[PDB]
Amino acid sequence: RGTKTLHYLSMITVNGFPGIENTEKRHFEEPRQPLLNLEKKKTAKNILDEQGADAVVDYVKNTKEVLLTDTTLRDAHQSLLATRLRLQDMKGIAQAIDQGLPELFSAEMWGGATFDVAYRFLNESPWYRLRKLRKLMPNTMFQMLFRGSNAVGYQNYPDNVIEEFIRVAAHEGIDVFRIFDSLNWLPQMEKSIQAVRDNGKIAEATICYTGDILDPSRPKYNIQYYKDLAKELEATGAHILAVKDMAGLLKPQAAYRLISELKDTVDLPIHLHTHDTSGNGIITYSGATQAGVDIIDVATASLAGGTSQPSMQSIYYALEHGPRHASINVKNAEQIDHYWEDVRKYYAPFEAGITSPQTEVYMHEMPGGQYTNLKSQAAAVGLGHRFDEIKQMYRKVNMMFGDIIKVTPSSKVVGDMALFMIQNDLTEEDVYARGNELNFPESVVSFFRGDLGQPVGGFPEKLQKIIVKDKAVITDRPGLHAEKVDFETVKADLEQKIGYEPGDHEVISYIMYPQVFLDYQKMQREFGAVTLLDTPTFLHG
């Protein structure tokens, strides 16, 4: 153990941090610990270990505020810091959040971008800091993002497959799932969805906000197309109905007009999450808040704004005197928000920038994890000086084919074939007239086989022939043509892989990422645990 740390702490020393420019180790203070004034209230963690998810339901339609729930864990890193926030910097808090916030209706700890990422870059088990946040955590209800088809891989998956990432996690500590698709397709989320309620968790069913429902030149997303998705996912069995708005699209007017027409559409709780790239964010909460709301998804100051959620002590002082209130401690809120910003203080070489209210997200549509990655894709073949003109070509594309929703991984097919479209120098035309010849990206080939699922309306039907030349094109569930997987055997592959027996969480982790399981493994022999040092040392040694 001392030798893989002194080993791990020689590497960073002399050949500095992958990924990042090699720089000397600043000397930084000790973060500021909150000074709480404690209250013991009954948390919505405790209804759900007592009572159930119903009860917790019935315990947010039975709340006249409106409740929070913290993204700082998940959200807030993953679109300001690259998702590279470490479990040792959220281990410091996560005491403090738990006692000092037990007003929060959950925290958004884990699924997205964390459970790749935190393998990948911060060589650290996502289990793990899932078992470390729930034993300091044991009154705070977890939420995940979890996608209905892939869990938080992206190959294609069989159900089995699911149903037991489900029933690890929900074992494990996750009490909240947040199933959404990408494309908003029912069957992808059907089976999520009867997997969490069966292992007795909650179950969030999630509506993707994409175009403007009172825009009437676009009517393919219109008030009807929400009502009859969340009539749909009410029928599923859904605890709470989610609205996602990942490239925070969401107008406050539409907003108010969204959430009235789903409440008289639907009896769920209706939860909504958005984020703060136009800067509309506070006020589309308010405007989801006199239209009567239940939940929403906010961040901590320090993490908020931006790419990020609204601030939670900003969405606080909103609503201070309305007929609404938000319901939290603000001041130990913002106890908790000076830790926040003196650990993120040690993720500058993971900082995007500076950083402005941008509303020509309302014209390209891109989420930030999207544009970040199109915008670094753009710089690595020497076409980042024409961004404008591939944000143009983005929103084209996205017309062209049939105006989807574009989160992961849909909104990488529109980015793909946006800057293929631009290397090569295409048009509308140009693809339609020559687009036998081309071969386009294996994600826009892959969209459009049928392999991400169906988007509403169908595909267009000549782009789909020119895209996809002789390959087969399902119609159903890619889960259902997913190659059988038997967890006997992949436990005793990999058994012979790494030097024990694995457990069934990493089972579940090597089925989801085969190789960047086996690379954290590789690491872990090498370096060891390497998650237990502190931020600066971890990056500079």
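Only the largest set of C-alpha atoms that superpose within 1.5 Å between the two forms is called the rigid core. Positions refer to the first chain, counted from 1. Compared with the form deposited in another entry:
469 is the only residue from 218, 231, 469, 331 whose Cα shifts by 2 Å or more between these two forms, the rigid core being superposed.
Okay, that's the form deposited in one PDB entry, but what's the structure of the form deposited in another entry?
Left out here are the partners and the other molecules; the chain alone remains.
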């Protein structure tokens, strides 16, 4: 293990870290530890552990204050630091988060891009991160982002594989599952919601928000569509209705109107998630709080704003003398934020540089988590200086696709198509004329084949026939057309490849990301557990 550690240190010292400039390792002082005034309170995690998920729902319904979900550990660093936040810093502050802020409804620390990114770039197992954080935070409810039938991947998976992931993740410590479909299709969500209910955890059925409900010129996603979707999601027995504003498109007037209309539609508590990209995130949460939203998603101030969540410390003072307060220890949250400000300086190579709010997001509707990666993807392909060009193409491709809901994995499809169009200098009537000779990206082809489900209003018929030439097109759930994976045969071949008997979490990781998990195991054999190094040593040797 010392040999592997010295091997990694020498490799990074000599050849640099992949994907960043081989800069000098700056001397960092130790991050500031919080000084906390601890109050022993009963949390929602305790209610779930003792009385169950329905009692957590009743406790949320009986809370007059708005509850807070901390997205610092997943979404804040996904939006700002390209998901590169390492378990070392999280474990530096995890106990202080669990004790100093027991008023949090949950902490979003898993799922989304973290599962892919930890394995691929950080060379640490997300299951290991979940275990370490679960040990460090026993009284904090753990929330994960689950992309329905797409799981933590970008493609459809069979239903038994989804159920196995939900079982293993619930056993490992995930308590709240935020389940969403990229195209807001209920059949993609039903099996995941049922599996979460069967595992005794909290199922959050999510409505992805797009467009403007207060704009009469855009009637595709109006208020009646969202109300019907909410009623259908309430029929599935999900515990909490979630509303994902992934690009920060929910205006505060719309936020009041949408939440109030959802409250008289369904009896579920409403969990609102938005990004502060337009700069209106705080006033959107204020509008939803006046409308009676139950839980909102906030981040610590040093990792908030921009494409990330609205600030947890800011939302306290925004609601400080209103009818509803935010349920948080604001003095403990400010002390915890001192740590997060210090460790953010470690991730300077991954800084987006997004210094200003953009109201242009109301036009292109790029999700906050996709803002950095789509720009970095243009840099790798050589059009990174043309980001505003691909942002305009992102608007056009969404219109060509039929004004779809853009969120992972559907936003990746629009991002890949927009990058492919600019790289080849294509335009809208050009793909309609020359698309037969053109070779579209695999994500675009699979999306029009139906791998991501059926969009609202269906695909455009002419564009679909151009994009998929002779491949089979399905009109139903892609999970019905996925072969059931036998976990015994997968465990046998994985043991042969990695040299030891894998766990249930390791078998599931091999099904989610076969090449990525195998590449992670090879680096583990070469460099060992590099997650134990601090971030400047991990990044600069």
